[PDB]
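Have a look below at one chain only, the form deposited in one PDB entry, in structure tokens format.
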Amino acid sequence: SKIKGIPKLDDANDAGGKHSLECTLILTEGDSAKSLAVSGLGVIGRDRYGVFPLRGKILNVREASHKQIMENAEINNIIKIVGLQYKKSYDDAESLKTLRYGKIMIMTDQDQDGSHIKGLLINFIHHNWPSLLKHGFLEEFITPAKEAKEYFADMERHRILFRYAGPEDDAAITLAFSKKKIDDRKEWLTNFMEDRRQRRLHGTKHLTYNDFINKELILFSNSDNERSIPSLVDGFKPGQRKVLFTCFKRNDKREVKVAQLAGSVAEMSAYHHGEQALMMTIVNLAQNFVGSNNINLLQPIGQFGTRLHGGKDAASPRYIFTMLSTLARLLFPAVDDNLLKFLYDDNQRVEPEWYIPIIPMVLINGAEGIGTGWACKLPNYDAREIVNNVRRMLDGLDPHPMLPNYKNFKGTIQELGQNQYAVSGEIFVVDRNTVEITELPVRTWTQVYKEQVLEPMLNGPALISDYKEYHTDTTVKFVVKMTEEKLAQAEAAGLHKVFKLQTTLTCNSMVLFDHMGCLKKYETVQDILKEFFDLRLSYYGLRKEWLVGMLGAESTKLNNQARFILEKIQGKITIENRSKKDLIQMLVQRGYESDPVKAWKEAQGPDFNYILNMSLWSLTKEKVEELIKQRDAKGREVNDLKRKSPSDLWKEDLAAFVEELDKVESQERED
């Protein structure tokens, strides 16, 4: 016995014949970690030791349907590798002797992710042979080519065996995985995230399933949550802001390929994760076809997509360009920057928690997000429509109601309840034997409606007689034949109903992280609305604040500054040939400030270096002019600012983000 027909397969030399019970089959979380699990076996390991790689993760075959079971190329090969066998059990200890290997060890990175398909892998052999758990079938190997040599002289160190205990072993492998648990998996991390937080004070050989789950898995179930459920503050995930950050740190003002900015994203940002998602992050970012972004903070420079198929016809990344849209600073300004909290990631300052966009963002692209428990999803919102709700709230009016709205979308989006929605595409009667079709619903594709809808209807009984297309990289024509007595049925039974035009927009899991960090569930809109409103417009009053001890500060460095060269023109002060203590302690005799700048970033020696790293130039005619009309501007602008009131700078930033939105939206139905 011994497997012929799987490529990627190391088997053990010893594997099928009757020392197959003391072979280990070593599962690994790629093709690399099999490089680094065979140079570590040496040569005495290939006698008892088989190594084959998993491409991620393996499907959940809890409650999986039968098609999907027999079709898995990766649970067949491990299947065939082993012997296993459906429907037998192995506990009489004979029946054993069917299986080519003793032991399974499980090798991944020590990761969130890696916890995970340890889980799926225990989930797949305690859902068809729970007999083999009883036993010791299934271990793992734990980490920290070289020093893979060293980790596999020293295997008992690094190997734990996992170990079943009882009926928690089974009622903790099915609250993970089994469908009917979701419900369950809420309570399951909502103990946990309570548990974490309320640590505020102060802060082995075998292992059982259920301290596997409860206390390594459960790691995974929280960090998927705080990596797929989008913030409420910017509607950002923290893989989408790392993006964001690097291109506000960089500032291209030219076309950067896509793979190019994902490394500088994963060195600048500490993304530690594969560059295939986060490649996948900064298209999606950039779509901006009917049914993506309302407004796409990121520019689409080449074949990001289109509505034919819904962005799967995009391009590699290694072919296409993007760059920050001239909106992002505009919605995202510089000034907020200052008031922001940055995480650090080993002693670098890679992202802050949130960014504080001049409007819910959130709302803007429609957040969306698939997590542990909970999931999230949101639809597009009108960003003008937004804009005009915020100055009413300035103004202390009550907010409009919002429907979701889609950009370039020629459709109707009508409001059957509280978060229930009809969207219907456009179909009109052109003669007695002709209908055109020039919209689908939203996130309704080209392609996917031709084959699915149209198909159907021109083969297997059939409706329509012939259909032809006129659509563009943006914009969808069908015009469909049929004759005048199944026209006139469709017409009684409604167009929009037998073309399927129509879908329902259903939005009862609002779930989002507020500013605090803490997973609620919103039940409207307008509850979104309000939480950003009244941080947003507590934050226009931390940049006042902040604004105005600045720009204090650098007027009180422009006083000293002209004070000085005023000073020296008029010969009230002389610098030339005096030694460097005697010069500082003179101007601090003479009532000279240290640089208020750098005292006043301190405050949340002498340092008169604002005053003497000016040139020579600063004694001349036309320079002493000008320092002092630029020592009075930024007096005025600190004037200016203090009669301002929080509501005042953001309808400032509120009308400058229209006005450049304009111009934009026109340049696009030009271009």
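Positions refer to the first chain, counted from 1. Rigid core: the largest C-alpha set superposing within 1.5 Å between the two forms. What changes on going to the form deposited in another entry:
Annotation: Cα of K663 displaced by less than 2 Å between these two forms, core superposition.
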The other form holds:
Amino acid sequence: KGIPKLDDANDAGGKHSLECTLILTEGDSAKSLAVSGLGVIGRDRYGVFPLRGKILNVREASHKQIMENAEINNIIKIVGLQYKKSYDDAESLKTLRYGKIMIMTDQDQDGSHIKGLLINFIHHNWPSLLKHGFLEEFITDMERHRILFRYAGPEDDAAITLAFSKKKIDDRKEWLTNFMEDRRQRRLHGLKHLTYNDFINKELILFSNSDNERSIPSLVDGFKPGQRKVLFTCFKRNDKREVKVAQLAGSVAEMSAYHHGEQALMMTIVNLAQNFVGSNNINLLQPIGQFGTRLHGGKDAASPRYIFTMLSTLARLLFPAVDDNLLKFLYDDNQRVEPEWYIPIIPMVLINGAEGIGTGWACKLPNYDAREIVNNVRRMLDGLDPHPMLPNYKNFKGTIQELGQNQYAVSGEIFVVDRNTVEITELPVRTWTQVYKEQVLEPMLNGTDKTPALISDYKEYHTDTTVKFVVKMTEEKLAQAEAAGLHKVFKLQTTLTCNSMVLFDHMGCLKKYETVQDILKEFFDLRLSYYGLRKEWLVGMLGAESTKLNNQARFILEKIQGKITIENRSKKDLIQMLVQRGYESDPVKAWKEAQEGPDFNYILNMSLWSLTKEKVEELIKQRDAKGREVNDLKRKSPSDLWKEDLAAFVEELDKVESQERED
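Structure of the form deposited in another entry, please, following the form deposited in one PDB entry?
Only one chain is given; partner chains and other molecules are left out.
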């Protein structure tokens, strides 16, 4: 009574309570379809209530969080449940307004996750209810869609616990390892009641796995699938002017078959464009408009509906168009979409870091310096070993120092000005300006219930991209602060631990990398061999292009010398004639064909202009130029090709970063 969006069952709460089913739906739309297929007749024994968004995992949630959750509370009230009340006997079930809950989600992995979270909720508070068979599901003949969950022993308790307990992270790792190894095996070969154990190990695990596939980036290009689709869509559009972020998101959805809510995409586009300190070392997309600042960690970005973006000039230098011919492009229902990965010229995964949380594993990598990485790549091309690399954030004025393995001290900047004054001109990476102010300087100024005041005043002189705090203290307090350690006292040192460098390798296998050098080496070997493929590809293609022009130059000359005439000949006479004179069928088309009647259209589609003087000359020059182009390319090694790309990238990186310091 008095709950929004609840369509309570007529007989709910009465004598026929335990004959009533509450349908919990995934969102209002599923609630509407349930309402349509239910009433008028089904209105007596069936209630409907929509849930919007993932629900609280209650199993180890705090008391406050549980007591305040809107969704859990609404279910408790609607059903008549009570905490701590066992439902062991058949007389205690009389207090319930509903006898069954039917879960109705999308028939997809996120749907399974909500099912799971609802199951987890009941199993945690009222396992007794699971033994009577309290939960059903509606899969999308209305009784043939109804499937009953069935508790059948402690192995069902163990499966729900494995999936939803914070204490079972290690077990989930093993769990998913078995799943990933098994599905890898089957890839080389081939391919009414439901226990909770079968749901967890045969359905939920599909979500848990997809969670990893969408949240943990690839080593090769540093992208997750959604990010990859964004770049793919952008490369394809080739926008020469800015696009609304919201419009770009719709375009990605269309062109790359992204099957998810678009606000996620818009947020991802924003993340790819951000360029403040502690975000992207190299943003592949331009933040045209307010995309967020270091004042609020980007949380001050404007709506995707009022900000614009387009490719950075660095994007195609980093992911050259020509390499597209070597990628494996995926398919979504007979539409070709994004590749399994791009193959950038430097390991992008290190340049911009890597943040991802999945199931069993999570990924964290800090930023690394683009020029250092270029230099180490050049070293490895020379046969030398790469230098060790420290994390490095563009425009960060502080220090990052190694403490141990995969652990670092990140320090901002504080200098004593006089005996009453310190100045803070840099905050440690990922410490935001507004947050430092509210959580450090204010308490330092005002004291708290648990800490005394330490400073007498502070003044702000920040810009949008820099930090300047001028802080006043008594001489006494400044002296004490110095003895204690200025950086320490002012919370300007944080540590950075990187013991979860978890990525998908090029084969699609999840792996833990112990050092960044390992990531660099695996990337290097792969990228070097792709320059080999690129060269082979270019030799063939340029070659076919050369053969093409040869046949075209040959026909024009034979034509303007009267050695051949096409005037008023039938198509078949013409084709037989050209064959008999040894003209090759379209070499370029032939060559693309090999990469998986005679065609002389590349000749006869030429304009009449071709026969004129300037056009004969111009055609001969092009033929000769392509011939030299074939030989210039044969002279270049994979390493040469890579070195050209690196040089072009650094040149533009310098121009672009120089212009940022001006702009």
